[PDB]
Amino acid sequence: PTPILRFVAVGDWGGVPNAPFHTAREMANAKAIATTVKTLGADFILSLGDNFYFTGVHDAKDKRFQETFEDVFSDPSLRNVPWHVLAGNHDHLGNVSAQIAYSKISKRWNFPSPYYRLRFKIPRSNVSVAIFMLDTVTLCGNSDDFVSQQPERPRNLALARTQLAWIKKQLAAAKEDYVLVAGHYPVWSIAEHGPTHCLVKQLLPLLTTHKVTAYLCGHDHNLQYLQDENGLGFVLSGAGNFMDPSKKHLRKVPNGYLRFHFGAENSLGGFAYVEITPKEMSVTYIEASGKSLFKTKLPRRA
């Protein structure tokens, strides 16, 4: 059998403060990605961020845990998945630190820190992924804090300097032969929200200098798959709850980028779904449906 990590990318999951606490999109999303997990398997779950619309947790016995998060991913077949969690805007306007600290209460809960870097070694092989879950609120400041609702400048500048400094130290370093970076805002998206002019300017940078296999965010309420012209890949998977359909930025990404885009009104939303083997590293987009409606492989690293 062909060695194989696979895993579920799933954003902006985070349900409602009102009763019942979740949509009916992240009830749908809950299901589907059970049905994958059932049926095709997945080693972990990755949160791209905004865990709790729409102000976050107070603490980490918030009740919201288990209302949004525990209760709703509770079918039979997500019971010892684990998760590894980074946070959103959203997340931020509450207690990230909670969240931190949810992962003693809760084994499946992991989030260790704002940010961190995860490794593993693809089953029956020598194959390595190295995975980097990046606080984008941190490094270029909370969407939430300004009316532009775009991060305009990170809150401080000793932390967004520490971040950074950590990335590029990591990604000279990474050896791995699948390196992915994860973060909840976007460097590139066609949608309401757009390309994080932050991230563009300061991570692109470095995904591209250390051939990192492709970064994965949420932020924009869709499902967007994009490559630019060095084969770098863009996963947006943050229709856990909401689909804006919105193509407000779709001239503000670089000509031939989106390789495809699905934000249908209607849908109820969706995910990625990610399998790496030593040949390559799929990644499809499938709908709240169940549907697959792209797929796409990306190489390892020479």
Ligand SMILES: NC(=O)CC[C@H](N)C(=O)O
Second form
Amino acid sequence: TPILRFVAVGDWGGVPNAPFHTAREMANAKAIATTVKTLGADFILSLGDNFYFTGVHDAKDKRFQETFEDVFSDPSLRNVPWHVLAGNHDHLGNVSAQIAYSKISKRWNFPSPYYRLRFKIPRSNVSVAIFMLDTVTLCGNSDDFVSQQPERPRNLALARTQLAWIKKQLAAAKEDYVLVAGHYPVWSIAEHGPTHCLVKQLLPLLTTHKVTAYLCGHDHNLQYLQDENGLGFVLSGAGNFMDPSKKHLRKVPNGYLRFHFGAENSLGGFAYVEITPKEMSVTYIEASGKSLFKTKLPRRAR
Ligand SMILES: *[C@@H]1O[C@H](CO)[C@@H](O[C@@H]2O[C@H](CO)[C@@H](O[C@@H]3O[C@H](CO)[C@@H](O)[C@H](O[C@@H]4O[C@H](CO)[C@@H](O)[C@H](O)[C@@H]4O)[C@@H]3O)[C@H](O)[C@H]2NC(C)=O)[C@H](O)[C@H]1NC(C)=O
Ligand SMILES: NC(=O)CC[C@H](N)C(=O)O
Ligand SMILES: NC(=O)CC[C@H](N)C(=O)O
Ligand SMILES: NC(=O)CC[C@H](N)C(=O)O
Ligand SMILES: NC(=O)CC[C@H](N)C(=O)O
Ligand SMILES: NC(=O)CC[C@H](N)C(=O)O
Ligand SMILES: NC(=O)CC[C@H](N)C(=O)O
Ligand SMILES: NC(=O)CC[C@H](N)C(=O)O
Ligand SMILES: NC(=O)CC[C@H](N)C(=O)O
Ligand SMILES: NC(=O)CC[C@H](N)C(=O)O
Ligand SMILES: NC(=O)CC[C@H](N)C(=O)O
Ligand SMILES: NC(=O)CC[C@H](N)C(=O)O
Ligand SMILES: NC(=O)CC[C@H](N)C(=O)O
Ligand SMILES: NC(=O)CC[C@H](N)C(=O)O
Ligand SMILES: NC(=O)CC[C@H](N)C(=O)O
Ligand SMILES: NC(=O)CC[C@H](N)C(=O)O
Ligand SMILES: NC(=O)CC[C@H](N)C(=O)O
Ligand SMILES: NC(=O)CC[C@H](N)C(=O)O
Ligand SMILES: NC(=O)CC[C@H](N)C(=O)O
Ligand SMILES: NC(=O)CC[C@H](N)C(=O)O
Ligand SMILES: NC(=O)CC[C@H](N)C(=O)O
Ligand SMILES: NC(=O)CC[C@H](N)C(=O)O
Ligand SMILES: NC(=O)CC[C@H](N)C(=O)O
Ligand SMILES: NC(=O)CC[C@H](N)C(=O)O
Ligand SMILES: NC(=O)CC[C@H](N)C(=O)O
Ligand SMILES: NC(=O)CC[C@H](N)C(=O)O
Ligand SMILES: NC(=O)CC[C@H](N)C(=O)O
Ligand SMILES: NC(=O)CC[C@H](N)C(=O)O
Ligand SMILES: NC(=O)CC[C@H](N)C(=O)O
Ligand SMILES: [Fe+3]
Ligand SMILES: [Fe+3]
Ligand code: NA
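Having seen the form deposited without the named molecule, the form solved in complex with the named molecule:
And the full complex, kicking off with our chain again.
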């Protein structure tokens, strides 16, 4: 009965033309509010691409109210904190602005490009670490390249510094559950597919240090993947767009893909995570309210 609950939504950032949201973003705002009202949520994780298509200009940019506050304004969301990280489109604009906005909106929590969250599951001593990454400063901005793959970071020292931080943090983490989150995927069968930078540089750390799951967006669909070590991959990038691409199906090792939903007639959806002392589970919920897939992930034990 002790439980931690949160929604993970990716790539919800509306549009820069009025009315500054899509039909899909509005459906997911309503669907998330209903989920929060009916099942509860202790917080919401944004998996990046918070403001399409070029982010915000500064912390008083009106897109913060137009695409974020006014869209996710249903009353059940009133007191629900958001923990945010950046995607590639955010980085085309002013990312310091989205960090500074944390001081303007109470529920907006974005203290740094990368940072560590730590929770105690209520009514228990079980602990959860969530490391929020900036995969754009780690790997590069996909929008810098015709390939739309982050081929190289713009600043080597900045990339190597975050990698060192992740190394040291994951080797020291004592929590029962360790989640890692970033915008770009490790594995994905869809339009961008796997990020070579993360597969080479992040995935060995996730494996070595017994991470429960990596959460991401960036590909505009819903996927669950799991490798032969039981490391889970929660891809939730369907807050604003639905891309049915299977372009990179053959770039993901056979068997890793356990669930995929990208139907273009869908309004999108999101992932709902529940963590108890017993186990972690993730439910993929469509913007229509239908449960699409649910699976459990183990307690790492520590
Ligand atoms: C990326 O985003 C950053 C975060 O918004 C932004 O940094 C902010 O820049 C603004 C504008 O320079 C700063 O806001 C002003 O601070 C002064 C104090 O010097 C206030 O007096 C001032 O008053 C307002 O601004 C007008 C100034 O021309 C004034 O006439 C108006 O009437 C009004 O009084 C503003 O409050 C703010 O402190 C900065 N914040 C931080 C956290 O640095 C960056 O500029 C932006 N970068 C880029 C490249 O766009
Ligand atoms: N807000 C809540 O419902 C917190 C209680 C939660 N059901 C728990 O057992 O920890
Ligand atoms: N803010 C809310 O009322 C959502 C549910 C509550 N945060 C819980 O965890 O039970
Ligand atoms: N929306 C704009 O004005 C620019 C968009 C940006 N060039 C992109 O590739 O997404
Ligand atoms: N009324 C509004 O501007 C919507 C956001 C509101 N402050 C909330 O937390 O729900
Ligand atoms: N070095 C850092 O992690 C801070 C980066 C800076 N706040 C930015 O995103 O513009
Ligand atoms: N949640 C956090 O611990 C935020 C850490 C952030 N890097 C800071 O020191 O400002
Ligand atoms: N805001 C939170 O609850 C997470 C903070 C986390 N305990 C840290 O110090 O890094
Ligand atoms: N190590 C922790 O954070 C939780 C305590 C211990 N894993 C237990 O529940 O038995
Ligand atoms: N870290 C930086 O150089 C800033 C982001 C830049 N887009 C990158 O390639 O990483
Ligand atoms: N127009 C584009 O290709 C988007 C990228 C953006 N102009 C940049 O500075 O990287
Ligand atoms: N600005 C550019 O010329 C491209 C930047 C890119 N990060 C690279 O070094 O390949
Ligand atoms: N070395 C320090 O004093 C802090 C550096 C800082 N973390 C940065 O990369 O921007
Ligand atoms: N859908 C997108 O954002 C771009 C994907 C495009 N099909 C490609 O060349 O990879
Ligand atoms: N990451 C992407 O956007 C797709 C790149 C693809 N692997 C190519 O080389 O064309
Ligand atoms: N064990 C495996 O086959 C995984 C693939 C490997 N991580 C790669 O670089 O593609
Ligand atoms: N070109 C690449 O694939 C990266 C370098 C080298 N092949 C490796 O082991 O990853
Ligand atoms: N939750 C888990 O234990 C996943 C397995 C662990 N991440 C590993 O690869 O070693
Ligand atoms: N079909 C495409 O070329 C892109 C689809 C787009 N992402 C959407 O929201 O539907
Ligand atoms: N390349 C871009 O400007 C982003 C495309 C946008 N995400 C779409 O699906 O239509
Ligand atoms: N090998 C395949 O059939 C898929 C490759 C994928 N189209 C790419 O651009 O890398
Ligand atoms: N060779 C494979 O199947 C993995 C993908 C390979 N890294 C490529 O870019 O083509
Ligand atoms: N098939 C389609 O064209 C889907 C788009 C439509 N606006 C929707 O959100 O469902
Ligand atoms: N007839 C169908 O299956 C399409 C409706 C489906 N529930 C959707 O909109 O995603
Ligand atoms: N969080 C968990 O995986 C424990 C079970 C959880 N109550 C569920 O909905 O499946
Ligand atoms: N199998 C499904 O698509 C979900 C069953 C049911 N409609 C639910 O959402 O709870
Ligand atoms: N069975 C389902 O998929 C419904 C939702 C799921 N049981 C949850 O706890 O959120
Ligand atoms: N057996 C099922 O219907 C799958 C369970 C899960 N709740 C789902 O709706 O997808
Ligand atoms: N998981 C799958 O193989 C398909 C996904 C869907 N949840 C189903 O049960 O049919
Ligand atoms: Fe996106
Ligand atoms: Fe993206
Ligand atoms: Na805040």
